[PDB]
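Only one chain is shown below, in structure tokens, and it's the form deposited in one PDB entry.
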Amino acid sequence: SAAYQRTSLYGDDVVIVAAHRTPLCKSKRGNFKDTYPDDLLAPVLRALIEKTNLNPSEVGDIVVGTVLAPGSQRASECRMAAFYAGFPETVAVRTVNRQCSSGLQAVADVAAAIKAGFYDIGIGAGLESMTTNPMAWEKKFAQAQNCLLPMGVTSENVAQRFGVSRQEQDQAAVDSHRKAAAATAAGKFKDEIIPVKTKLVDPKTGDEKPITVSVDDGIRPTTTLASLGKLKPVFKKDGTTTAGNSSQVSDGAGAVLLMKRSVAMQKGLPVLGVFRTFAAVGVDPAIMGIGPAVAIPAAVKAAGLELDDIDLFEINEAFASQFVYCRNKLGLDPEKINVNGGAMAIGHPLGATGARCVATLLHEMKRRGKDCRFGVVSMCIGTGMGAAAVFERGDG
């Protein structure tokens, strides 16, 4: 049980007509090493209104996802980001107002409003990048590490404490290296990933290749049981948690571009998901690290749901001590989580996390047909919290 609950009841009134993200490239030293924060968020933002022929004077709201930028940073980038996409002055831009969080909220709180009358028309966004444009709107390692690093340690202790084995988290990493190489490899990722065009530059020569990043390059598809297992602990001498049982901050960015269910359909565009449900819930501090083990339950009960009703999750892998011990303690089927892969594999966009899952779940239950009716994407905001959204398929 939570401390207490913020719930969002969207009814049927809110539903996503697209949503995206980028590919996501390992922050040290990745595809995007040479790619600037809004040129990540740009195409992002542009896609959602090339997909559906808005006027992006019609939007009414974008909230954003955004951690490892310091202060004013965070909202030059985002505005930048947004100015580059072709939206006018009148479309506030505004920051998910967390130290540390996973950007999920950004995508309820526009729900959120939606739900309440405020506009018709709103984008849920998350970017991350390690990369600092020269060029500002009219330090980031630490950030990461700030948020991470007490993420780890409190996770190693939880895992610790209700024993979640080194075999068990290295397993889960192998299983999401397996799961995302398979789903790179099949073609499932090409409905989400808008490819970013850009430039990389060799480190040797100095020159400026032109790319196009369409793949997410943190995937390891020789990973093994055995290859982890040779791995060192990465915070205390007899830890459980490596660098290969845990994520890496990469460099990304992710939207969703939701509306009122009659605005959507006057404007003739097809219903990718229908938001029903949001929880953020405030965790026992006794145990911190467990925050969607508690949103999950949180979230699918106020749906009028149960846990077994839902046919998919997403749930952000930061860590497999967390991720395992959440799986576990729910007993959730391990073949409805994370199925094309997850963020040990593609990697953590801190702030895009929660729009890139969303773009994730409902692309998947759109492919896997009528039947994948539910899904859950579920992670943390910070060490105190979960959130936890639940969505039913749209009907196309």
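What we label the rigid core is the largest C-alpha set whose atoms superpose within 1.5 Å from one form to the other. Residue numbers count along the first chain shown, from 1. Compared with the form deposited in another entry:
Only one of 223, 214, 132, 171 has its C-alpha shifted by 2 Å or more between these two forms once the core is superposed, and that residue is 132. Superposed on the core, the two forms differ at residue 287: its CA moves 2 Å or more between these two forms. Remark: with the core as the superposition reference, the CA shift of residue 377 between these two forms stays below 2 Å. When two forms of a protein are overlaid on their rigid core, residues whose CA moves 2 Å or more are considered shifted, and residue 147 is one of them between these two forms.
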Second form
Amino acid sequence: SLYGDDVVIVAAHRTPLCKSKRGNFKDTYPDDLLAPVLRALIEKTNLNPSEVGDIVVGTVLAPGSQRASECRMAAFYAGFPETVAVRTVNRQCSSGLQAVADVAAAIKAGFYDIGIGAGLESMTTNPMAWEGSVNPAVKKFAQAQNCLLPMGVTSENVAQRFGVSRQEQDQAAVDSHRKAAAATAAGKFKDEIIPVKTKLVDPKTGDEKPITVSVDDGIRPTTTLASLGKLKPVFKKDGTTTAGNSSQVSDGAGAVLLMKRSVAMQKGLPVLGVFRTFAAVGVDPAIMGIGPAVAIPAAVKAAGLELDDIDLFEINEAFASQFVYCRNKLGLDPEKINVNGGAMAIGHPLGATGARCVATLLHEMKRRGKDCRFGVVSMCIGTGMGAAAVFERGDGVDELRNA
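Given the form deposited in one PDB entry above, I would also like to look at the protein as it appears in the form deposited in another entry.
Shown below: the chain alone.
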């Protein structure tokens, strides 16, 4: 593997993430979430958009064709010419990270030299609901039947099977809001976030007003064990999974600009990160939350590393039950995980998460300096999968600062 052939990240950005239905993107079309982050990649690197080989968008809930069309339209809004192709990918909860891995694979394979891996979801717009009938033949395959379990039921399965208590779950949620509030106040999301200029429509009156959205509106600084303790189980009468220890339903987008190192160098673009490895593995659909416990070791091993060699993690907080389980199972230092908070506090627009987390991870690794050399993005995946990617810290920031 030649140095100049490394797949590097030269920019990684995200919209704020907002609460679906009631939050600040409730009246914002999906294409208007994606376009700003696509445009930002171009504008921040001064890249001619015609040089982009593909735009790959992880996105989960919408009718396939309409959403792929919306992504094409977003690229046009963002100033891309007709010559730049666009596509979507779906590996459920991992889709945004899958998109980034697809671009890395395509560059490594010599399909093109520059690509955009993005993620997009408007959970305001698209409900999570099965349409039409289920093949009765599913009765013959128990694991296929288990693909139909509500995600929240798999959460309860994990908590029950592995003994994750209500307090452990709620504590993780308290920690997520604390860290997210602290990071926001400390300016730690300023670099990654692209503010979105949109509007709010009053359903009561019909009045519209503009708003510029810059912060993740799901963070609740008053979240405590006591407040979380009052919430009722959502999926099981004597259960432990609640709205307060599950990811938030959210709207948002993320985008990452990747290219061959040699191309970045020729263009004089500071390197934010280097893509190293990616793993996507199957696990029991009934306990899909265990995904990261299997995927992280796979990706880390592929990189020639051990778990102790990873300095920072973005492990999605789909449910506190499975987040806590994975952290404990892998024996990871809690202080190295979701250091600026996670999806319980800032939300989980399904397709956006995997891509936006690359931005959150890399910008944090950037700020933490050269010792924060390796980072992992990982998440569990509905229907029983885990994905993980290993990234290496770029030196662009240091070279600029010490110029």
